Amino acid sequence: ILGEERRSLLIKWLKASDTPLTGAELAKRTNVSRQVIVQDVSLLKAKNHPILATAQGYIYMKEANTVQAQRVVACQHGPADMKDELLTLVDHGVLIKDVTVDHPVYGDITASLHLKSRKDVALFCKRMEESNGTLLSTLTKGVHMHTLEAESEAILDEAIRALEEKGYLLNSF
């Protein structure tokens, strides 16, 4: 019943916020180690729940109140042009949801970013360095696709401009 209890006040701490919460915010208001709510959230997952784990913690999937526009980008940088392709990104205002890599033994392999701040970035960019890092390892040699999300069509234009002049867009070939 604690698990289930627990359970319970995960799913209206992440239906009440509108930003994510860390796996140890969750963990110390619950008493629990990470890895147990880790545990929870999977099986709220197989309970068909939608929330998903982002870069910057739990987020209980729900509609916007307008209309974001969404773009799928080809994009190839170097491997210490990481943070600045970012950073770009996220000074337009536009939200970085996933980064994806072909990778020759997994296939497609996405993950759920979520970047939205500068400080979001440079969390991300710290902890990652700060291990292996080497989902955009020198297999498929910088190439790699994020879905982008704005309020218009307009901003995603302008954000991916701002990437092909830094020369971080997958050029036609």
Contents of the next structure:
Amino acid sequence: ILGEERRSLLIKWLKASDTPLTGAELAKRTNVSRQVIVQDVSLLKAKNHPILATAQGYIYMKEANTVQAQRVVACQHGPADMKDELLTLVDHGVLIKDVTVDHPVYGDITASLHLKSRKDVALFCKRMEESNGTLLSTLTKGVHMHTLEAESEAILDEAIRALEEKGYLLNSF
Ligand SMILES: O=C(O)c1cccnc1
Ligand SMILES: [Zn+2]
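Return the structure block for the form solved in complex with nicotinic acid; the form solved without nicotinic acid was the one displayed.
What follows is the whole complex; the chain from before opens it.
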């Protein structure tokens, strides 16, 4: 009963929230561990709840008041330019929805980043360097995909052109 009560609260809180809720926050609200929250959300996903774990916390997927522009972008940068690439995108008001790496063993690996602010980017880059941080390894020579989302196609164009000026796009060859 208590586990089902806890998961009912998680759904309520995620539906009411306009921002990601960290596993740590959800764990503190329910007196469990972040690991228990992982298991709760896993069970909810198997019940077809569209809950996504992002780099900033859990979100319940729903639609916006205006339909946003979206684009798949092929990128490439050196092993020290991740923070500058991501900051360039959020500074143009672009949501960095995900990143995909073409891994020789796993195939395409996609992480739901949902980076939106400078603080999102700074905290994510710090946490990845403090861990193993090998999602964008020497395996693809920095080549990777992003799904980007913005209010207009004009805004995506300016952000993508800002990537090219820094040499962060995959050069058609
Ligand atoms: O965009 C990048 O460079 C990136 C994003 C997530 C993880 N590693 C690299
Ligand atoms: Zn990138």
